[PDB]
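Form deposited in one PDB entry, single chain, as structure tokens, below.
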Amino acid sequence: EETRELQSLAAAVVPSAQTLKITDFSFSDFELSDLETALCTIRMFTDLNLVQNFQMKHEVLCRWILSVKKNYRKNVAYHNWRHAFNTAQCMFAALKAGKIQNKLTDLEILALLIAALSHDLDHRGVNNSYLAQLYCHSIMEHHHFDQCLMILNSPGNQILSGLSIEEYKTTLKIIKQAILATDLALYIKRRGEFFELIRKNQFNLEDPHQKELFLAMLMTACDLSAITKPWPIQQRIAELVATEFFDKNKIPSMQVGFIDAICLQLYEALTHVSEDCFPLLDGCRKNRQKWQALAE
């Protein structure tokens, strides 16, 4: 059943980015099979020039995508492969349609796409604590990175084998920071600086410190990007979140609070960095109006 999936995936035609709607901010996966999401993932790698620039063999990338998909848990309502897949599509869309791609290096883009796909690996649900104890420091995100690394090191799955050891180490580090950044605690701590810098037109991507901060903010933006979706889609994703959160009348005001506290300023900030990411902010504002109206 596994080689069959690999055989079938490796033998399929990969449709264009246009055919697959993968450049749209309003993209939805509900109508896609797992196979189809795997094909969209290949297309994302190829059209970001990653397959070319890093000499990835087709069967290795296919196997890697399948390993990643398999290491999410289907029984988890929201934090599963479709969430990761959606997070990466949003990354792809921000890079392409959002014109973020030109601001970054090839290695940065490679790391971000891998991070996006890998950032919740082996997640067991927000209400699960499976522990050995010992608090935070982003323990879950460290686990996700560890799972990402293990897959990258797996026989037949080494899509980074084409990089030199120096490139490899640099990219692993970007991937690690990128995944660690999806800890909402780290986002809240590092937020203010990002907003402060933009507030004064002080923001500059050339400074390595600010580049790294931006990559962190970008990860969170894609991670949360379901609340930017067209209303019929957001309503449905919110169903999944609600299901995992309690594995419904207070939900509208929760969503408004979430949007106000965490989402709005982020998407406003992103749109400042790049005008073309505006549809994310527009979508987020549109969902605030819908949720608020429900809250009465």
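Shifts are known only where both forms have a C-alpha. Residue numbers count along the first chain shown, from 1. Only the largest set of C-alpha atoms that superpose within 1.5 Å between the two forms is called the rigid core. First, how it differs from the form deposited in another entry.
Taking the core as reference between these two forms, the lone member of 164, 153, 75, 204 whose Cα moves by 2 Å or more is 75. In this overlay on the rigid core, residue 177 has a C-alpha that sits less than 2 Å away from its partner position between these two forms. Residue 103: CA moves less than 2 Å between these two forms after rigid-core fitting. The two forms, fitted on the rigid core, differ between these two forms by less than 2 Å at the CA of residue 213. Fitting the two forms on their rigid core shows CA movement of 2 Å or more between these two forms over runs of at least three residues at 73 to 75, 131 to 144.
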Contents of the next structure:
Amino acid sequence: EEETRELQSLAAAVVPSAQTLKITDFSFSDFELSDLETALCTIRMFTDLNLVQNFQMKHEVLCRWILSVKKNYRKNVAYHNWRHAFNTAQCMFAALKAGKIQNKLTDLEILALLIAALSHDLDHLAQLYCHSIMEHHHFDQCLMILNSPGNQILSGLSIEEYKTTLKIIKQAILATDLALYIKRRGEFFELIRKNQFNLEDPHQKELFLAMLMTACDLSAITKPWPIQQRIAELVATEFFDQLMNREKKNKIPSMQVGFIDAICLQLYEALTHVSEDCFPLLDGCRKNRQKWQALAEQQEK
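Show the form deposited in another entry, please, the one above being the form deposited in one PDB entry.
What follows is just the one chain, with no partners and no other molecules.
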């Protein structure tokens, strides 16, 4: 059978180091990786964030949980598929490690952010464009998988830990609603532009976690040019086809420039003020805007 065999492969595979897998890099791709390789990357993320050891996760249970999440993504359009969710999680790991946000967060927050990044597009006919203000995410399928026999990666948590973790997971998944990002970001941007931003209070914490989910969710926009151009083209094709191709391709530069200006640039600027080591996300976003703008101008002939 398909199910049992995937598990055996994964559980008995050597998990290469973070270094070897390049998951600490903001520039990380995934294009060339197999699903099994992404699963090994995911085990490494849980491991190097100390989640497996601090919460007593059983190896085979973690493997089964990863494989159940991937399986439940099967019917999704490609831009809300397992690879997107995996990329969102890798950006979170990179932001925690290279971007040094790990020191600013608790173990429960880190655990929930990783699980949310991985689960946020599990939603259970025309589909909305990627990151539309009209999308609304749900946590129901994430929780169902977490509570499923053999998949209970939170079994090691005390009841109080468990209830708090679920609350943060729900908030973090709901944070990927772009409408909620747009609604709340003004308060974030104002606290920072002044210098009043403070991780101390429950509220400014929840808000920072939400801005970080958004920053990871949109992070294809920060990638080196050949990766961003590729993703954007694929994403566009996935929506527009759900002189034909010319009409499609000619829209894309102005789409991306508009999205960077309205949504992305200010967020990665704000993130960089919280942690200067998240600078490469901003830099990459700025370089892609330059590249798409030159294409928008050259397409006007």
